[PDB]
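Below you'll find only one chain, the form deposited in one PDB entry, shown as structure tokens.
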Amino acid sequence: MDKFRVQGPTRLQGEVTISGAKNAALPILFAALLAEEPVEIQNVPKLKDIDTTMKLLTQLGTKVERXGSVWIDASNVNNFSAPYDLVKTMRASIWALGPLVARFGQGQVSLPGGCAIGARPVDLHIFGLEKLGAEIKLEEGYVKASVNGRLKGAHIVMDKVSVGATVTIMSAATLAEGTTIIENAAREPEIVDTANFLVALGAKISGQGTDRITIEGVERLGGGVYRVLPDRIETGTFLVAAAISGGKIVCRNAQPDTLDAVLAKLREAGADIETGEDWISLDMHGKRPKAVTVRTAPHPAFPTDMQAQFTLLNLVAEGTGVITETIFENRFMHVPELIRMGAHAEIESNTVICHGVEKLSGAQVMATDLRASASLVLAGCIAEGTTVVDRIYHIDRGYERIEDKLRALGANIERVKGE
């Protein structure tokens, strides 16, 4: 089992090229199940989650190839289930459900079990499907959906803002008979990306990116070529890496408009930020960051996927920073890990109260969250001495070669395989 050996402190300086969004590539890959003709998805990151998704697709009888692009041919889907072993390593597996039932009239996906960051049921996905006319049963731990003929469009109001349920419903609706309206839809840039992918295939969708999505179902979806938007979380993570190290960086292949909240908070922390059409520059001018107050919420508010990263920022900032989590109430495992490194903070309910320190100290820490745990690697970059991050497979699931990108920024980091 891999581990990172990080030697700090290091001032991060240089350039990084942002990879395609893991969170757009995922739902788009699942949506490709709908395509009758070959599809080429461009700008797909090379990460563990994509590997798992590829595996799942192949298990359905989908032909899959990859490099920068992932080539999909779902003309011969011959299997309709996502097994326990796979779903257990990737909750996003639930996304296979909707396309399968919508196109083939059947689909079975192992029901996701417990999650360390909090309660993450998929009740809304199921509800949505049912609303579309799907019959759903639970057998041997498998959620089994079925419909005789086409799904039927319906007016659905979401009890919660859900990225996942919005994708499930929107995707399945493209093949339903009639019009589907998703009210209180998630507005994430990844939702707009997936919708656009769908439309490129022949789907009829409007309102994507707003709280109200309207889908007019069609008979079949063709094929095509589609480029995945830049990864906003990867971008934010690198921006924070520079901001907490007194550094200077330029992010290439970026989409500034997906980052307003994060950029604004970085400015509050004291960063000098410039943006262009496809780039973002950040210069700390060698300054320590200033503590900020953050509240995670659905896009375009501050994203929960940047929360750990900002907690780190606050932990080495001047002042008392406060971070409140409204999406994943228990998403605080990074905190005690950071405290092992000398940080100071208290967790009261869904809020962490940070007491910024001048310097962190290297220590042994454990990764557990595919997006948040990158925080540990960042901490090692600025801590005094050696930090060893265990279980880095978690990071591998959500980031493409993060050590390589960090290394090009000046980081002293080594992938240690010897156990």
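C-alpha atoms forming the largest set that superposes within 1.5 Å between two forms make up the rigid core. Positions refer to the first chain, counted from 1. Compared with the form deposited in another entry:
Taking the core as reference between the two forms, the lone member of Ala154, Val199, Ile273, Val77 whose Cα moves by 2 Å or more is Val77. In the core-superposed comparison between the two forms, the C-alpha atom of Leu263 has shifted by less than 2 angstroms. Relative to the superposed rigid core, the position of the CA of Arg252 differs between the two forms by less than 2 Å. Fitting the two forms on the rigid core leaves the C-alpha of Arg212 displaced by under 2 angstroms between the two forms.
Same protein, the form deposited in another entry this time rather than the form deposited in one PDB entry?
Shown next is a single chain and nothing more.
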């Protein structure tokens, strides 16, 4: 089990190039099942789920290959079933359902142990496709969809905001007969990116980014070249890296408008921030951060995927600050780990009261959540001594070569193979 051995303290400063967002690349890759002509998806990070997705698409009859781009030719897709062995490691596989039923009138995806599709009183993937006219069956370890003819546009009200189901419904609606209006739609930048990709193929969609998305169905989608947007969470992670170490960093290949809440919170912490069309610079001017108040909420509000990172920021800041989760109320496993590194904090209900200390101390730590794990690596960079972060494969799956990026910023980090 690989680990990262980090030697601190080190100021993290310089430049980093932000990779494409896996959370946008995945729905775009599945949306490509709708394309009748070749598609080139650019700026796709090299991460496990991307490979898993390519293997699944191939099984469906898609011709795929990759490098910086992933080239897709779904013209001859002829198998409409995503098997257990190809989906067991990735829940995103559910996104094959909508496109398949919308373009070929049928589809099915295996549901492995731990998969909660159909378990909610109202599963929005199922609800949305049913509203569009599909008949959904949950049988023999699969979720199956079918429709006689084409799907039909409908006014669909999502009873909860769901990025997952918004992608499913929006994607399938592009080939439905008529207009579909999605109310209470997820507003995440990845939804916007998926919508713009579909439009690039010839789809008619408006309202992406707002709580209401309107799709006017078309007979077919063609092809095109589309560049995946920057990973806003990776960006925030590196901005935090500089913010907690007195450094100055410039993030290249970034998209500032996906991070309004995060940048505003860093300014409250004392960061000197500037932005350009494709870059963001953060400069602490050698100063320790000031404690801030953080409250996670649905985009465009402060993102829960940056919560662990800002908890770390508060734990080395001047003053007492509070972290409040309204999305994942017990997403605090990074706290006990940081406490073993000398951090001072109390977890109370859905909040963490942080009492910032001047310097952390190295320890052997581990968190299974991707963002928490990355935060522990950052903590090791600024702590006094040696920090060993275990099970870093979790990071490997969500960040593209974070080791190389941190090293180029000044980190003393080494990947170690099993103890």
